[PDB]
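Chemist: In case you want the letters, here they are:
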Amino acid sequence: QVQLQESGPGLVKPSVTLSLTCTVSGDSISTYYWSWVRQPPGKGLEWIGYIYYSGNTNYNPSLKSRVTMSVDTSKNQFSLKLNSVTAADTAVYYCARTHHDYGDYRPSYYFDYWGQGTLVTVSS
Amino acid sequence: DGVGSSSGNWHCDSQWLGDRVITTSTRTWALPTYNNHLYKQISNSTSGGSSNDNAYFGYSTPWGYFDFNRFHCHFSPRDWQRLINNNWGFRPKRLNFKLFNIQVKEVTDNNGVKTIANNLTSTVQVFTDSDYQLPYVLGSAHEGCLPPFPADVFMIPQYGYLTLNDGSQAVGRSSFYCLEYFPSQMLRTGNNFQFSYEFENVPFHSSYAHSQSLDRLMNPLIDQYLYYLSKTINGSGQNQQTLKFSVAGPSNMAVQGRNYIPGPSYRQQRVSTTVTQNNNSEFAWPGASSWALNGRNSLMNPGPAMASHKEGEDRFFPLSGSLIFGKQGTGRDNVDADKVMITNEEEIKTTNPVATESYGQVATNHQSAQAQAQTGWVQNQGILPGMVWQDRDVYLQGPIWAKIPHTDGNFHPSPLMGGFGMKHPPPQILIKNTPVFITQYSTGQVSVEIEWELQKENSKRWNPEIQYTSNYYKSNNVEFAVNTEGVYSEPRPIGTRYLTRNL
Amino acid sequence: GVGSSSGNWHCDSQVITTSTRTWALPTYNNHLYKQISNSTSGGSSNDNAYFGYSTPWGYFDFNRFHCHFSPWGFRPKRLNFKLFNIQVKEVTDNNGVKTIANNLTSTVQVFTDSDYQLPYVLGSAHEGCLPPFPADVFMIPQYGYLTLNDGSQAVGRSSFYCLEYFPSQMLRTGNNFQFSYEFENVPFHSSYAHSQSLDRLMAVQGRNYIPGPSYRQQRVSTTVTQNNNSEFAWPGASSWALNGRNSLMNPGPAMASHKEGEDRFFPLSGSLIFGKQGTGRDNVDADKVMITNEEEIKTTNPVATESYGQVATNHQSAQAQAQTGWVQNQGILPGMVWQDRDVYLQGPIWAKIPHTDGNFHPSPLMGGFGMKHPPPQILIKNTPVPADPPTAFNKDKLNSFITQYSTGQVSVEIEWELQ
Amino acid sequence: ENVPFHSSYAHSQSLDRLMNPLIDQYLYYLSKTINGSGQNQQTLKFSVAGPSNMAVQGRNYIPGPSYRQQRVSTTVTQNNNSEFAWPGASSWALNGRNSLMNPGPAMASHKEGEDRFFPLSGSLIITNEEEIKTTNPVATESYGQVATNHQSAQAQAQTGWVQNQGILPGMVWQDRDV
Amino acid sequence: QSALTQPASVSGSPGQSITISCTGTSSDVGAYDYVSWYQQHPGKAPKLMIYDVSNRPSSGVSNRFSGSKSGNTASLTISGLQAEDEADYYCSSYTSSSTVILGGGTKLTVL
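Chains as they are written, first to last, in the authors' numbering: chain H, 20 to 143; chain C, 219 to 654, 670 to 736; chain A, 220 to 233, 239 to 295, 306 to 435, 471 to 688; chain B, 418 to 542, 560 to 612; chain L, 21 to 131.
No lab work stands behind these hints: they were computed from the structure. Certain hints may be false.
[As the list claims (entries may be wrong)] If you want the footprint, here are the derived chain A segments under chain C, 3+ residues with CB under 8 Å:
#, segment
1, 224-233
2, 312-324
3, 330-337
4, 357-363
5, 482-488
6, 600-608
7, 641-653
Beta carbons: idealized from backbone N, C-alpha and C, even for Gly.
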């Protein structure tokens with residue numbers, strides 16, 4: 020019974036970094052990867068990147084220069100930071116758990132749980 | 219006893235009685251004639267001998283040999299589960315081997331067609347080396363074993379051996395062994411072969427993971443009566459030297475005194491499974507850990523037993539520090555990481571230093587008024603008094619035993635790929651078709682029966698263990714079973730360490 | 220019964241030593257098992273991170289030599315242990331004064347772990363020992379244990395033990411408890427100093478054996494001026510990393526405290542340091558503590574602050590001058606011979622060899638007798654007595670107990686073999 | 418008193434040559450780390466351990482313990498033109514005193530095909563221990579190389595030479611001949 | 021890396037099997053068996069349907085969905101079409117550069 024919940028701003032001015040947190044409830048961050056996926060309205064899904072409980076992170080190459088993620092295991096939540104948000108950044112941001120079996124060397128590519136999603140608007 | 223009288227039956231089962239398990243496997247084998255009945259010198263320079271490190275000299279023999287030295291020969295995946303979930307340890311006891319239903323087929327090739335008919339008077343030669351006089355090749359983890367799945371027919375591998383060399387050249391002290399110089403037992407189609415073997419006493423392999431770590435063994439509620447040095451200065455300024463001593467207690471656990479320290483380390487380079495985190499250069503060979511012998515460099519593989527990675531870092535594995543199996547149908551050369559199965563030895567973190575980390579630090583000088591204290595890193599550490607360590611894990615795909623080299627001295631003879639080291643392991647069993670040349674080959678049945686001894690757990694742990702389990706999954710195929718084409722596969726490497734113990 | 224004695228005081232040494245003390249056992253954690261971590265303690269740091277449990281149980285620890293002794307070789311043979319004259323006292327704290335009265339019916343639970351199924355905390359050199367002077371009344375220390383942790387958190391391999399789940403013996407004020415224990419065979423600890431040195435058995474002569482292993486310690490002068498003006502307690506200290514946490518190397522492999530002539534130096538973490546009577550907990554000067562020295566083993570063992578020696582770092586040639594380098598740590602070589610660490614009046618007696626695939630020279634590094642089956646842990650608690658429960662039924666566990674504690678006597682008789 | 422037989426034989430096989438030449442190992446090793454000749458090339462490639470590349474094969478046992486020694490040539494010209502008899506020697510210090518490591522841990526006197534060289538303090542005087567070369571490491575050589583760092587996209591992988599090596603589980607060795 | 025390619029829309033009459041394909045390079049779909057499919061309804065989060073090319077999650081996915089892969093192309097087959105079936109579908113794969121890439125998605129309409 021993992022339940023993801025994320026919170027953040029509705030509206031954000033341009034050239035301002037965007038911060039978003041996601042709280043895992045009913046289960047812990049544990050040994051799983053934790054990903055951020057954004058969907059612009061009427062557009063396809065895009066994988067921003069994920070973070071692991073030990074802080075190891077991987078990001079989308081296109082967004083890699085300006086994206087920072089952080090996990091906090093005590094508060095049982097993880098967050099996302101985006102730099103220089105513009106018009107393109109407006110999206111629904113989902114925080115989805117990415118399946119990973121601890122201890123085997125198997126890439127973790129797919130999302131078996133999802134957050135409700137948050138709508139972020141970049142506008143002046 | 220005759221041509222039309224079966225000389226043996228088919229046994230394929232496992233019996234669990236008390237503390238012992240008796241597994242019996244039976245397979246169908248096929249023995250070609252090798253080297254056209256000849257003994258041919260072989261060397262690197264017959265292959266071109268590209269490198270000094272790869273230089274070898276030896277001989278290839280017409281004889282084949284039976285290799286049951288992997289666990290999937292003797293254990294179904296259900297038997298292996300029933301074992302590793304329920305037991306703290308196991309070890310072989312007795313071995314009973316049988317060869318029977320010998321069938322020799324003579325082949326006649328004329329134009330495109332070929333005829334295969336029985337050759338009734340033909341013989342097969344089979345003997346065991348029970349004095350260990352032949353070079354023992356079964357502890358090198360070569361292919362050519364009995365198939366995991368009982369319905370497969372396997373080809374008997376060819377025997378060969380290596381002796382002293384320089385470059386590709388032999389030397390005066392090199393040996394040559396004729397395998398006809400051995401009394402052996404010849405079999406026609408009605409004869410059969412058997413012998414029994416007794417495993418020499420070895421320790422139980424530890425099929426468990428420690429529930430405690432070597433540095434945490436203390437009572438967390440109580441101070442030690444030992445003191446440690448907390449401060450060498452009073453504050454900021456000239457001439458502040460002092461000696462202060464705090465007592466070691468629960469708040470500062472890194473400074474408490476301990477009776478035992480982690481086992482030895484020989485550092486490995488770590489490779490990430492996320493390739494972009496790895497360096498953009500060719501470091502497979504140049505960055506490897508190696509040991510030089512007689513001027514030749516050999517990779518250290520897998521090496522001493524050490525945790526594959528530091529906790530929270532599954533992605534990294536030591537370059538040569540692990541055992542890497544193939545998936546069913548994997549290629550021989552330059553396969554991708556999804557084509558192989560990399561074992562993980564993380565269960566030994568509790569007492570073994572991480573393989574890709576330094577052992578620790580030491581002082582490099584004498585501090586004094588003018589000189590600051592200086593520390594180096596220990597990249598490799600050999601045995602020190604008060605070390606404890608775990609041996610490497612064993613796998614369903616992995617080897618069972620190895621032969622301890624006959625030598626003046628050795629330390630902790632356990633083989634570095636895992637399993638049970640023995641000065642008198644199960645003997646080699648050599649087999650060939652007696653020459654007549671007429672094209673000829675044989676086939677038949679082999680049964681191998683091993684008694685195993687079990688060490689049960691009495692554990693008082695309240696919460697449930699980790700067990701090995703199949704997931705409840707919806708898949709096109711079921712794991713550890715044939716596909717729609719009849720090809721058996723072993724999806725993942727299964728280790729022995731699930732149950733836990735106190736340290 | 221109530222009006223009789225279950226045991227007689229015995230305090231004599233014959239070699240057979242006997243000790244007897246008076247103890248007082250409180251109730252720990254209000255009769256509960258509580259999960260502890262560095263975080264419950266304020267969160268600490270990475271080297272200090274731990275996860276475990278604290279139990280209501282206490283335990284007896286006689287593991288120091290001054291418990292059994294008043295002021306060549308020896309080793310324990312047999313152990314005899316008795317517990318008697320148990321008194322369970324109750325406390326009613328009412329306004330100005332607390333009232334203490336005998337609760338005659340109450341029980342005390344005791345069991346030994348003789349299958350070694352609990353985490354074994356006795357070999358960690360903790361306080362809580364029987365006091366060295368026979369007339370002192372000591373408090374019995376609380377039992378707790380540590381498990382696997384990734385941090386302040388727990389992994390799925392972390393285990394939880396309940397001590398109520400062992401069979402134990404219940405003792406009222408008339409009942410007593412005894413068990414006997416045989417020590418396993420251990421070598422005689424060598425209570426002597428060599429008269430000869432390994433090298434003088471002359472620098473260039475050939476020799477059959479070599480000095481033992483080393484892990485070099487930093488050197489500290491007891492004259493403060495001769496030490497460097499910087500903070501090097503931890504930053505300059507020898508350590509070993511395990512699963513990504515650095516633990517100080519303490520005391521380490523047995524090594525000579527110092528070279529002949531300089532006795533003002535001590536290895537940083539290489540020695541056992543003890544406190545003087547009444548010494549504070551934190552930041553006490555060099556006079557408040559006692560710094561041991563292992564000078565006597567300097568015959569077979571290298572100096573802890575000295576390098577082990579030199580090696581060749583290259584191939585000399587007509588173009589190349591020979592180069593050497595200092596060996597800061599040396600593992601075992603065939604042909605080494607060494608001496609183990611000395612035991613002290615104040616020091617530990619035995620330790621538990623961890624259950625592992627392999628060990629080398631299992632003798633514990635702080636001194637004493639390394640054992641697979643050491644003297645078992647002896648666990649004790651006051652049986653909880655509930656105060657009056659409600660008169661309508663409720664499913665919750667009972668959170669209200671009578672304030673209560675117990676006292677009694679402890680005798681421990683160890684036979685010793687001499688050389 | 419009860420003692421083992423002195424071994425008076427020479428092994429006909431070497432520690433790194435124990436395997437069967439004809440048959441491929443079922444184990445895999447990491448043969449290639451980059452696609453090559455380009456920017457941002459990173460890949461993991463594995464190959465079956467083989468007869469062709471015996472150096473990378475997994476092994477149950479490893480060579481015996483070594484302490485490095487200086488190498489001396491009988492020919493005067495090959496040796497350095499200086500007095501390095503004591504300064505270049507390998508020694509162990511006990512109680513503030515340096516004692517020469519004579520003879521020292523058993524090690525091969527020289528590599529195969531190198532009759533001229535002898536360890537500075539290594540052998541009894560000039561005997562040779564070429565017989566134990568198959569199991570024991572040469573006394574004038576590094577034991578091997580270890581990794582000295584964590585590689586990364588920023589940092590190349592490094593190694594260092596092991597001049598002395600203490601006992602490791604899995605080591606085997608021969609002792610010095612009488 | 022570059023995105024997986026899918027047809028913009030597909031439609032099928034109720035009760036008839038339909039297939040959606042996604043094409044990728046030899047580095048993503050072609051090299052690995054790491055392909056997953058997600059089904060998304062408007063105003064809701066995507067739901068995992070296929071993982072590991074043909075595997076389905078233990079609960080919440082009917083047996084009417086099946087994944088498959090050939091060469092550089094992966095495919096999602098829905099049979100016995102229902103009204104609930106119409107949704108947006110996404111291909112997703114694990115690439116050679118250790119990153120996750122998805123398809124553009126295809127909208128499926130049931131008549």
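Chemist: Take the hints in turn and mark each one as holding or not.
Modeler: These are the hints, each one checked on the structure:
Residue count for the segment 224-233 of chain A with a Cβ under 8 Å from a Cβ of chain C: 0. That is fewer than the three needed, and the coverage hint is violated. Counting residues of the segment 312-324 of chain A whose C-beta sits closer than 8 Å to any C-beta of chain C gives 0, which falls short of three, so the coverage hint is violated. With a cut-off of 8 Å between beta carbons, the segment 330-337 of chain A has 0 residues touching chain C; three or more are needed, and the interface restraint is violated. With a threshold of 8 Å between beta carbons, the proposed coverage of the segment 357-363 of chain A by chain C holds, since 6 of its residues qualify and at least three are required.
Coverage of a stretch by a chain is defined here by at least three residues with a beta carbon nearer than 8 Å to that chain's beta carbons; for the segment 482-488 of chain A and chain C the count is 6, and the condition holds. Counting residues of the segment 600-608 of chain A whose CB lies closer than 8 Å to any CB of chain C gives 4, so the stated coverage by that chain holds, three being the minimum. With a cut-off of 8 Å between beta carbons, the segment 641-653 of chain A has 0 residues touching chain C; three or more are needed, and the interface restraint is violated.
In summary, the structure is inconsistent with hints 1, 2, 3 and 7 from the numbered list given earlier, while agreeing with the others.
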